[PDB]
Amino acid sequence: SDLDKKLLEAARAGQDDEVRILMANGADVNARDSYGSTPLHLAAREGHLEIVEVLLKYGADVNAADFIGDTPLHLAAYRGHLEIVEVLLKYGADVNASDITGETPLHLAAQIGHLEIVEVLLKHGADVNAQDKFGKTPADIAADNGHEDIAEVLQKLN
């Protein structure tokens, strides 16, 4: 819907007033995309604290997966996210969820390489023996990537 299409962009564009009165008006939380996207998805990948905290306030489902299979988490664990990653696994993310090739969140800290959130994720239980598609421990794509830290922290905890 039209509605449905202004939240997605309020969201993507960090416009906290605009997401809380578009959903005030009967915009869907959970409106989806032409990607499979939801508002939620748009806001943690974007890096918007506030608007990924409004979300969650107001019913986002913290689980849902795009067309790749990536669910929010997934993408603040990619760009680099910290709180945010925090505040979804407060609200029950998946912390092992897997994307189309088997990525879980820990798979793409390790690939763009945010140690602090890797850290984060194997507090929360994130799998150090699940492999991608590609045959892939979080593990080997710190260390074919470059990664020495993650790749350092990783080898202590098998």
Contents of the next structure:
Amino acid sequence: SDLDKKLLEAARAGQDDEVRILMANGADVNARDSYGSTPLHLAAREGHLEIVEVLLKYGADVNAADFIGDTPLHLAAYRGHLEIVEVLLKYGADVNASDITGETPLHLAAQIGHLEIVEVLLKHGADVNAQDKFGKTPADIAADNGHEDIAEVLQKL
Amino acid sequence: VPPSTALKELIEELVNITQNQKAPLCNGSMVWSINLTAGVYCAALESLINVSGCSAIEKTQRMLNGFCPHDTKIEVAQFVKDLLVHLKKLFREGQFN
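After the form solved without its partner chain, can we look at the form solved in complex with its partner chain?
Every component of the complex follows; first up is the chain already shown.
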């Protein structure tokens, strides 16, 4: 229990060595905080690539969902970490996971205007036709947020 | 109730409104968009303060009152959607955990 709390803390903080130690000492790779966040959620969100890799190799649940339905891939996409998007997909992240309002990682990448992440998601079979619970496709979101170049890429598919 | 309980219940209710209540909300009432210079719960309470007797937003207002004890006019349906999106963004931005 204490190990699990420390693991959440260390993963969020980017403490590579501490994560290695806690995992070797039996910390639960899929520990949950009060919001349903796992160490993998926190590390992906905070851009901590080495920690993301370590956790995945220890069997982290790549598709764990927090209270708003974010998977680590949603957070990596939204926070603009291409390298983490890539590794999560490599380890089996669901490219089309849907959050509490039906947003997919492609919706969130379109929102923030990250073309490279959009391209990687598409390469891994992201659904351009996915509508969220507001009726919006990723292309709609891109246009709404002044990212015409992304809107055009998505509309050509 | 813990901060995590406050947020979960508020988000769940906002999702419920966007999906299960027909727009326009509150007889076509208009409200000021949330003041981003203020605390989110208090700002949301303030935006909705002049809408009285709208059953759609009653539970939201009740919750916001408990969480706050101390640019454009928009329709209430838009306000609800914008608040929900803003809270999700704050959560994805590590402002709660």
